[PDB]
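Student: Here is how the chains run, residue by residue.
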Amino acid sequence: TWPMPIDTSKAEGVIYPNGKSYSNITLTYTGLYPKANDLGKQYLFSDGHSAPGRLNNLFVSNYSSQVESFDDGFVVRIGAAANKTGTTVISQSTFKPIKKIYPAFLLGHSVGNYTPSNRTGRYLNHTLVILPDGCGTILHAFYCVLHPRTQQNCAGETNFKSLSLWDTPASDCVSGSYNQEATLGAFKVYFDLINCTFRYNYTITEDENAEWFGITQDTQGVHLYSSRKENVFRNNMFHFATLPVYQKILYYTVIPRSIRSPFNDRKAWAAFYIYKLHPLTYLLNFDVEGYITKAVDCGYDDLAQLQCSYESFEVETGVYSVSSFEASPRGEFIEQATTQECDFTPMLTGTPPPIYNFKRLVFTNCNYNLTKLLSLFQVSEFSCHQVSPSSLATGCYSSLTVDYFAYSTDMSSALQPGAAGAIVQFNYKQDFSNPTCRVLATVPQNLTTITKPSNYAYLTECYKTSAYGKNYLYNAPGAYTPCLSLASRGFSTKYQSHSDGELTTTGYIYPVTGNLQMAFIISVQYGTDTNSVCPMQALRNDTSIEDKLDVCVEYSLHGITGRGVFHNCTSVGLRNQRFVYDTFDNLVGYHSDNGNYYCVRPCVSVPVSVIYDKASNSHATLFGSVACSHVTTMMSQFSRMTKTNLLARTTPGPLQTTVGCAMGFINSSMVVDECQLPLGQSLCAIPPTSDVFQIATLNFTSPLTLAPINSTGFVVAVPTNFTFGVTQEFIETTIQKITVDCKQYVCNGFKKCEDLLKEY
Amino acid sequence: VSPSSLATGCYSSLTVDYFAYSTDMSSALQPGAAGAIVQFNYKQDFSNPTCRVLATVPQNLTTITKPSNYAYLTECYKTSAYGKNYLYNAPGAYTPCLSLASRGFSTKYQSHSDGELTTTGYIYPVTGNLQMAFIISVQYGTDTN
Amino acid sequence: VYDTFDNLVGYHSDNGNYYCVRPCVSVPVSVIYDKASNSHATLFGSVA
Amino acid sequence: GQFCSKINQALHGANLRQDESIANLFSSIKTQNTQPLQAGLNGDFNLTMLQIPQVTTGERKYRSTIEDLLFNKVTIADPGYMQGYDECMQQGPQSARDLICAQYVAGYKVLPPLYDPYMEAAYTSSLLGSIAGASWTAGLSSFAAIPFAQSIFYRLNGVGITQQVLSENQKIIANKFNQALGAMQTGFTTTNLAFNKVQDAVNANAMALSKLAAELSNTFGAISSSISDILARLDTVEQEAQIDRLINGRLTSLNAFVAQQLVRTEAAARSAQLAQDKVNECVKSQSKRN
Amino acid sequence: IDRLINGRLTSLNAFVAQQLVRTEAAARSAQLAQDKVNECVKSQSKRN
Ligand SMILES: *[C@@H]1O[C@H](CO)[C@@H](O[C@@H]2O[C@H](CO)[C@@H](O[C@@H]3O[C@H](CO)[C@@H](O)[C@H](O)[C@H]3NC(C)=O)[C@H](O)[C@H]2NC(C)=O)[C@H](O)[C@H]1NC(C)=O
Ligand SMILES: *[C@@H]1O[C@H](CO)[C@@H](O[C@@H]2O[C@H](CO)[C@@H](O)[C@H](O)[C@H]2NC(C)=O)[C@H](O)[C@H]1NC(C)=O
Ligand SMILES: *[C@@H]1O[C@H](CO)[C@@H](O[C@@H]2O[C@H](CO)[C@@H](O)[C@H](O)[C@H]2NC(C)=O)[C@H](O)[C@H]1NC(C)=O
Ligand SMILES: *[C@@H]1O[C@H](CO)[C@@H](O[C@@H]2O[C@H](CO)[C@@H](O)[C@H](O)[C@H]2NC(C)=O)[C@H](O)[C@H]1NC(C)=O
Ligand SMILES: *[C@@H]1O[C@H](CO)[C@@H](O[C@@H]2O[C@H](CO)[C@@H](O)[C@H](O)[C@H]2NC(C)=O)[C@H](O)[C@H]1NC(C)=O
Ligand SMILES: *[C@@H]1O[C@H](CO)[C@@H](O[C@@H]2O[C@H](CO)[C@@H](O)[C@H](O)[C@H]2NC(C)=O)[C@H](O)[C@H]1NC(C)=O
Ligand SMILES: *[C@@H]1O[C@H](CO)[C@@H](O[C@@H]2O[C@H](CO)[C@@H](O)[C@H](O)[C@H]2NC(C)=O)[C@H](O)[C@H]1NC(C)=O
Ligand SMILES: CCCCCCCCCCCCCCCC(=O)O
Ligand SMILES: CCCCCCCCCCCCCCCC(=O)O
Ligand SMILES: *[C@@H]1O[C@H](CO)[C@@H](O)[C@H](O)[C@H]1NC(C)=O
Ligand SMILES: *[C@@H]1O[C@H](CO)[C@@H](O)[C@H](O)[C@H]1NC(C)=O
Ligand SMILES: *[C@@H]1O[C@H](CO)[C@@H](O)[C@H](O)[C@H]1NC(C)=O
Ligand SMILES: *[C@@H]1O[C@H](CO)[C@@H](O)[C@H](O)[C@H]1NC(C)=O
Ligand SMILES: *[C@@H]1O[C@H](CO)[C@@H](O)[C@H](O)[C@H]1NC(C)=O
Ligand SMILES: *[C@@H]1O[C@H](CO)[C@@H](O)[C@H](O)[C@H]1NC(C)=O
Ligand SMILES: *[C@@H]1O[C@H](CO)[C@@H](O)[C@H](O)[C@H]1NC(C)=O
Ligand SMILES: *[C@@H]1O[C@H](CO)[C@@H](O)[C@H](O)[C@H]1NC(C)=O
Ligand SMILES: *[C@@H]1O[C@H](CO)[C@@H](O)[C@H](O)[C@H]1NC(C)=O
Ligand SMILES: *[C@@H]1O[C@H](CO)[C@@H](O)[C@H](O)[C@H]1NC(C)=O
Ligand SMILES: *[C@@H]1O[C@H](CO)[C@@H](O)[C@H](O)[C@H]1NC(C)=O
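Those sequence lines, one after another, are chains B, A, G, C and Y.
Residue numbers for the first sequence, in PDB author numbering: 50 to 738, 751 to 821.
Note that PDB author numbering has the second sequence beginning at 436, numbered continuously upward.
Note that PDB author numbering has the third sequence beginning at 629, numbered continuously upward.
Note that PDB author numbering has the fourth sequence beginning at 822, numbered continuously upward.
Note that PDB author numbering has the fifth sequence beginning at 1064, numbered continuously upward.
Same shape as in the complex, but just chain B:
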């Protein structure tokens, strides 16, 4: 055992960002990075059993039955103990110079059992295999189906133990005559390679210093990264290969090796280390040559939060207020009310009405299933406004309105916003003040409850007679036409007018050929105070608040959504009960279904300051305005190191000062005059040389009081000695004068930009 944690001050395990190279900067990045001071997992290989004149069975570990999960990618540290002395692990009493050994991987999407060995670790479909070969000079990557053979212990067996590879370097690694298919041959003895889709090779140079190797996956395939790329002497990993594997890799497996060296030439091989990648924020510093020199994991402790919150590595002793960069995975708090189903039955039975006499349904206080409705039609258009069609079937509203009528979808351009003809003028004008959607559907023939009419019909005119011609009466948004009572007499032919004296209307009919087509206009309304039209749900216990109290949850309470922290309070009465708001409309409180009241806070609420001293490079933490009993309950907003020190309860503990709770501090009884790290309220921080910070007090002295004597004269203090003192002072008299070329600054000499700038 030999712990090798991740050191971010050397930028260990950091993959260089794609694109160009930087120099002389420090910037923040979100990506796949290892944790700070993460130990990883150590994998140790060795040499197999050997005799004078004989090569015996292999010596391996239980590595070919371990199935780890891939989940983001990983990085591997290879050869950190080259040129040193160490044990030849098969015989720990033998000391030899340690060598470098590359790992071999098996990565796949499905796993099973090796029958009839009935052990575990069998990949059964197309599987990605990564093999080093040629005494560490070549790298094969291929993607095949592995069929276990039928020989003595060749993996289709009742006597197969574990997959294990080997080399005979007295034959294979003869200088100049490296067999670059040896390990591939030993692999082919175990398996048959069926239906290989690709096979790639990469050439390495045999040298033993130290290197890194990484592998990730996204929608462009599987990416391989190496530290040997573009300079072997650094820690940065650069991209060198993309493999066309587009299905999601779930599992991987390290293949155990055992080098069959001769017994006289037993070597030592350096263990390698695997570290998992996480979606983290990092601070990266690029040197003059372009290489990342140091990094900061911005969620590890509070000095790292300071460095990433002010975006610099040198921080200039002080007391700073910082931001939060921790992940803190959330839960769920869903709570809606139970009601009846909304009835869409007067939409699926009967004859759909004409456009000027459309039908309207308004639903409140019910459960809807929009999937059941839309499954009966053939949609050819779904156009929405301030909502999406996918979110329409999942939201909770205060009301839900459906207008519907019969309409032929070859006239689909007449229902568009701001359209030209007589559909928007005399029949139907859509209202765009709410979120809304417009569906155009065809009624298929199996749906037999919807009868069809004989003629599509629409109005072409609606006017009053005037002293000069006609006075047209246009539709309002969402309203019926004023000529509706005049239109109920029916139109038997095209351009058949009707008149009540004051008004006149004209209709146009044309026959229905084919299936019937219909139009639906849906409009919803989001409100506060208990949106009651909610979708149908299956029931689940786990979405409650009784368990997950002081953690950040994602809630959905009677139509109100958000993220936050819920705390046990004892409070508000009056009968708006469910949601209590602030004067700036923040959800400050909630009346739960059982009987309880809860205070709602945002997911990052507690203020945090860090006291930093550069000369000793020390730091401590202050939670301002918080009592020290709430800090140990809400220990999930904070950084990764603050959580463990809170949870351990083993340090100089949390301390209650007059400005909040303090971590890393100690009560003192000393009194200072000047202060470099002031906390507020005449408190000063004393940095350690002691081993922790101390808290002192600011008391100014006063020169001793000269008291009047009782006599005729008075006392006067007159000098008997002196010096000359020099006071320095800077007075600024000027600034740097700057003129800006405004045209070249804004538009860079482009004529298309310069014509858009005239509008300002």
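No lab work stands behind these hints, which were simulated from the structure alone.
Note that CB positions come from ideal geometry on N, CA and C, so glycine has one too.
Simulated pairs of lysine-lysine, DSSO-like, Cα-Cα distance not exceeding 27 Å:
#1 B:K297 - A:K513
#2 C:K1099 - Y:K1099
#3 B:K421 - A:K519
#4 Y:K1109 - C:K1099
Not the full set, but computed from the structure, chain B residues with beta-carbon under 10 Å of chain G:
#5 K69
#6 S70
#7 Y71
#8 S72
#9 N73
#10 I74
#11 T800
#12 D802
#13 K804
#14 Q805
#15 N809
#16 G810
Chain C side only, calculated, beta carbon under 8 Å to chain A, not exhaustive:
#17 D1056
#18 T1057
#19 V1058
Please build the complex by placing chains A, G, C and Y with the ligands on the supplied structure of chain B, with the hints as guidance.
Tutor: Only chains A, G, C and Y with the ligands this time, still in chain B's reference frame:
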């Protein structure tokens, strides 16, 4: 990006997804659409510049054979203690019920199950010429596109 | 070759040569103007 | 850009030069020679309005009689420096301490001052009994401990009242001085225009904080003022156009807040330099300028 | 292009609005350097 600039630019990578698809169901591939195409079959990824072409294969082009039935999945879930637990697609990713779907669907609403997962297919015959869908995605970078 | 503000400040050509890249309007120009005689002259600042 | 790193650095540097201005004004305590006064009547001059009332039990008052009368005429919200996070949970939304409890829902913090009220009660007690050596001498290097009653009569002799008038009218001058300190505590009203500037600074401090919390309930033309509702109703290409409205509306409020804090910090730094000139000339000496 | 224009008109306004503040503050402070020369350097001060 525009369709005209797509044939003149220099990129660092170029990805084409393609499949057979009838263009009377063209409103189901739209952004934020409602049904089972974006939920269980294909969800387009809008983090890169991208284009969506819907085309018909003419009859003179004879190297493209046609299938017998258009097909799509309508369900992919795990059994739970209360009903079903639906498994929705990620943008740009395959469905998790892909190994279960390789057995083929001979009729409409024919389910398959591996115990843990369950899937359902819908087929309908190809009448006329074959129609296809292409999703093209490009990536502009610095350092030598 | 880029700047610290991501400007293309330089380029390594295909033949063998290095080139400095400047924007299309780069040299500063000032004009000295005298109204009583209606005369003017030019100064290209910081340029040899 | 790197927007939030530059907002953090501007406000950190503004709060740093706020501490170097208070510490300069208070650094005259360590160099000032002082004489002890009597509790209540120094000669015939009643100074009880300006002195801290002494006590038997160890409560140790930090406020004089006229200062306790001025502080109970101003309405300041108590900021809760010690455990103000939990006091906002025991009470509900009382809308008079609402921009004090909005620190934990909007995302700002009110920092405690550099000195407690016991330090600034030591600054004005050293201003009352300063020695300030005799007023016929040149230099600032001798300290003559003459009593308070005798050094007032040397300030009346310096403006042109002879010693034969000052000796015949001691009691009348002392009475007229005493009934001018008894009239200071009837001038804390809204007609007094010098007292209305004490409240207009309290109001200016609070108006800045309410223009921060009120810009989080604006929608700026988006569908909602909440990001978790934009992410639940729209799709990925329409979310980015609506979140970019909230971002643009909230970057403007932070720029307008940070640009006003620097203006008020420079104006308060120039005005604490005027308070040093007014102490060294009016309080510790006698002015010859009208 | 109307986004780049709006983003670059804001930076120029914020630059020009800060230059006038610093110019007035440096003009008031060069008037203080005349009072400090005429009193401390060329004479002797009677004020503390
Ligand atoms: C040196 O300076 C110190 C700070 O200026 C002085 O210490 C202060 O003494 C006060 C009382 O004398 C304390 O007031 C107490 O504050 C708490 C706050 O939580 C109240 O509950 C108490 O009621 C209140 N005490 C009384 C009697 O009302 C201050 O807290 C305390 N300051 C600190 C930082 O502890 C020293 O007195 C001073 N010493 C000398 C010799 O000058
Ligand atoms: C992955 O390999 C498995 C073998 O375990 C294949 O599963 C077979 O699928 C066919 C088709 O339904 C079944 O008839 C067989 O019974 C399955 N095998 C076993 C052992 O049960 C599977 O087809 C492969 N994946 C793909 C995509 O083809
Ligand atoms: C590694 O793969 C490469 C490419 O797939 C192989 O290179 C080619 O191999 C074929 C097959 O013998 C030859 O006909 C070509 O001439 C090779 N290309 C070149 C440029 O030489 C390579 O042989 C493979 N190496 C190993 C050890 O398998
Ligand atoms: C919404 O309605 C659909 C009907 O279109 C429901 O789906 C049915 O559910 C039952 C109960 O499990 C099944 O037996 C049917 O086979 C389903 N029908 C189809 C066509 O799949 C669905 O359950 C409803 N949604 C909710 C949340 O209740
Ligand atoms: C001038 O008088 C003061 C008295 O007010 C002296 O201060 C005293 O000094 C002695 C010796 O250092 C101490 O023991 C006393 O406690 C001091 N008393 C006070 C009230 O401070 C001062 O030292 C005298 N000056 C000289 C030069 O002797
Ligand atoms: C005034 O003070 C200074 C410094 O405290 C005295 O100078 C010291 O004089 C002695 C004897 O001449 C030397 O041994 C020291 O080295 C001197 N110190 C320094 C810093 O120069 C001076 O003597 C004092 N004057 C009086 C009259 O007491
Ligand atoms: C000196 O002034 C103080 C305050 O102005 C006087 O104290 C007040 O005296 C009156 C009348 O005796 C009482 O009613 C008040 O309660 C006192 N107030 C306080 C705060 O003490 C004091 O009497 C004056 N001294 C003399 C000698 O007149
Ligand atoms: C039982 C009530 C039936 C009422 C009468 C039903 C007649 C409906 C037919 C008219 C359809 C309107 C067509 C809109 C114009 C269009 O074609 O674009
Ligand atoms: C040689 C490989 C052939 C693989 C099988 C080909 C079958 C393709 C037919 C399915 C088309 C999918 C249709 C999508 C649904 C649509 O109609 O909208
Ligand atoms: C060795 O591997 C087996 C199979 O995975 C596992 O059960 C066992 O725990 C491993 N040994 C140790 C010490 O973990
Ligand atoms: C495991 O495999 C063996 C064959 O080696 C077989 O006899 C046994 O039945 C298997 N176990 C089960 C539970 O089927
Ligand atoms: C290999 O490919 C052939 C097609 O040529 C296919 O029939 C066979 O099933 C594949 N092998 C396996 C194990 O799937
Ligand atoms: C091992 O030795 C070689 C050459 O002697 C050197 O280049 C390499 O850095 C060394 N590795 C270590 C880990 O010291
Ligand atoms: C309508 O129902 C009948 C029932 O026998 C069926 O044969 C027919 O295919 C159905 N129509 C369509 C378009 O599916
Ligand atoms: C969930 O609730 C049901 C209803 O009471 C109960 O039968 C079941 O045991 C619960 N399950 C869990 C995990 O709490
Ligand atoms: C109130 O919340 C606390 C957590 O701080 C919890 O321990 C307690 O059980 C809760 N009380 C009730 C009545 O739910
Ligand atoms: C605070 O200081 C006092 C005296 O120095 C000490 O008695 C007390 O234990 C300290 N408090 C804590 C929590 O250590
Ligand atoms: C002078 O003052 C002292 C101060 O303690 C006092 O004790 C003494 O009695 C006074 N003497 C006279 C004569 O006033
Ligand atoms: C397909 O090719 C044949 C070749 O003879 C031609 O006659 C026919 O017109 C072509 N089809 C079309 C649609 O052009
Ligand atoms: C604000 O509400 C509080 C109680 O919540 C009440 O006491 C106060 O009078 C209200 N403010 C005004 C100006 O009335």
